[PDB]
Amino acid sequence: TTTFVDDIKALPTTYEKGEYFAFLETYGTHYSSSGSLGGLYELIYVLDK
Amino acid sequence: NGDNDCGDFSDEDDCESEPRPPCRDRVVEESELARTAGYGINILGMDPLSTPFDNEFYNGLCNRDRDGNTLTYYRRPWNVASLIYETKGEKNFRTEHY
Amino acid sequence: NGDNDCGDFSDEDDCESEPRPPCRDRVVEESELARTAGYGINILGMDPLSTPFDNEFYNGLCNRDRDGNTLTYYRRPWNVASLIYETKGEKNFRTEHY
Numbered sequence: 295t296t297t298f299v300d301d302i303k304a305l306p307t308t309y310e311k312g313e314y315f316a317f318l319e320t321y322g323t324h325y326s327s328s329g330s331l332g333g334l335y336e337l338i339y340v341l342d343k
Numbered sequence: 099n100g101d102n103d104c105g106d107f108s109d110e111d112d113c114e115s116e117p118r119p120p121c122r123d124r125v126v127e128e129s130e131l132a133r134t135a136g137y138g139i140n141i142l143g144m145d146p147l148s149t150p151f152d153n154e155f156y157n158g159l160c161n162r163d164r165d166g167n168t169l170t171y172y173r174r175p176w177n178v179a180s181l182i183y184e185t186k187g188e189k190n191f192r193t194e195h196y
Numbered sequence: 099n100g101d102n103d104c105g106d107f108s109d110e111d112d113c114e115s116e117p118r119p120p121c122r123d124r125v126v127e128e129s130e131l132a133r134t135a136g137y138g139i140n141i142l143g144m145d146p147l148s149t150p151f152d153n154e155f156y157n158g159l160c161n162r163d164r165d166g167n168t169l170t171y172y173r174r175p176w177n178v179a180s181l182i183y184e185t186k187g188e189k190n191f192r193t194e195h196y
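Chains as they are written, first to last, in the deposited numbering: chain A, 295 to 343; chain B, 99 to 196; chain C, 99 to 196.
In short, the hints are calculated from the structure, not lab data.
Among the hints, erroneous ones may be present.
[As the list claims (entries may be wrong)] Derived DMTMM-like pairs (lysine to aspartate or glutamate); straight-line CA-CA distance at most 20 Å:
1. B:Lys189 x C:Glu188
2. C:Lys189 x A:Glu336
3. C:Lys186 x B:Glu130
4. A:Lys311 x A:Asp301
5. A:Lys303 x B:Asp103
6. B:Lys189 x A:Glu313
7. C:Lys186 x B:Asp145
8. C:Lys189 x B:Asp145
9. A:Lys343 x A:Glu319
10. A:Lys343 x B:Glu194
11. A:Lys343 x C:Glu194
12. B:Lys186 x B:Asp152
13. B:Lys186 x B:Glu154
14. B:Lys186 x A:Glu336
15. C:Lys186 x C:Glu154
16. A:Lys303 x A:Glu313
17. C:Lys186 x A:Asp342
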């Protein structure tokens, strides 16, 4: 996308940990190569006497 | 040629030739489905994020996606390599007593 | 070019060229949803406050947000990097006796 490319174009090259940590939160740390659309539910119960 | 990549009419700003359609068959666009295939999940954070890349641009002839619950034709973008519609379903239960 | 930034018609006051639309598809504006994503929460105070920044301006081609309960298309502003519509839900309960 034009937004992400502009971010990579307007990006430092001298190991700017400050902006990279900021850029890291913007688009996450790692993307999904394969996903699974849908939904799940769970239930958990415990008992002690 | 009806290829929306830059804008609504950014690439199609200058249309000297006839508006030749790239695909003749009626194929409905991917509505609310896996079209938004980009996800930015944080291993230290929480649930996946939005799409970090453009997922609408397509290269050439529409790749048919004739599958789904109903009888309708979807499109698969050039960025997405595969789009399966398997309706898998499973469940598990356990119990114990001491 | 249909890019409202300052006021109602402050930027679009002078229109010499034709009013070229930035996006052709029907995408409903983000009404009462996360559009107001700015919050001024006080760690020593109380619940978050109003938005401290402009969240209506957008840069270029509309980034589709084709998700939600019903079939409707929302917009994601250039200030908001992501907008997820996950309808997560959970609950917990506990009990004890002495």
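Do the hints match the structure? See the list:
no., hint, result
1, B:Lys189 x C:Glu188, "18 Å, holds"
2, C:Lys189 x A:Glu336, "11 Å, holds"
3, C:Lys186 x B:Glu130, "18 Å, holds"
4, A:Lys311 x A:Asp301, "15 Å, holds"
5, A:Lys303 x B:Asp103, "19 Å, holds"
6, B:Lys189 x A:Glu313, "44 Å, violated"
7, C:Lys186 x B:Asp145, "10 Å, holds"
8, C:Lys189 x B:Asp145, "17 Å, holds"
9, A:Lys343 x A:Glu319, "46 Å, violated"
10, A:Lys343 x B:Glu194, "14 Å, holds"
11, A:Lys343 x C:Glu194, "10 Å, holds"
12, B:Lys186 x B:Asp152, "28 Å, violated"
13, B:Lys186 x B:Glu154, "27 Å, violated"
14, B:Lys186 x A:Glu336, "17 Å, holds"
15, C:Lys186 x C:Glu154, "27 Å, violated"
16, A:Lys303 x A:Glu313, "13 Å, holds"
17, C:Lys186 x A:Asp342, "29 Å, violated"
In the structure shown, a violation is registered for the earlier hints numbered 6, 9, 12, 13, 15 and 17, in ascending order.
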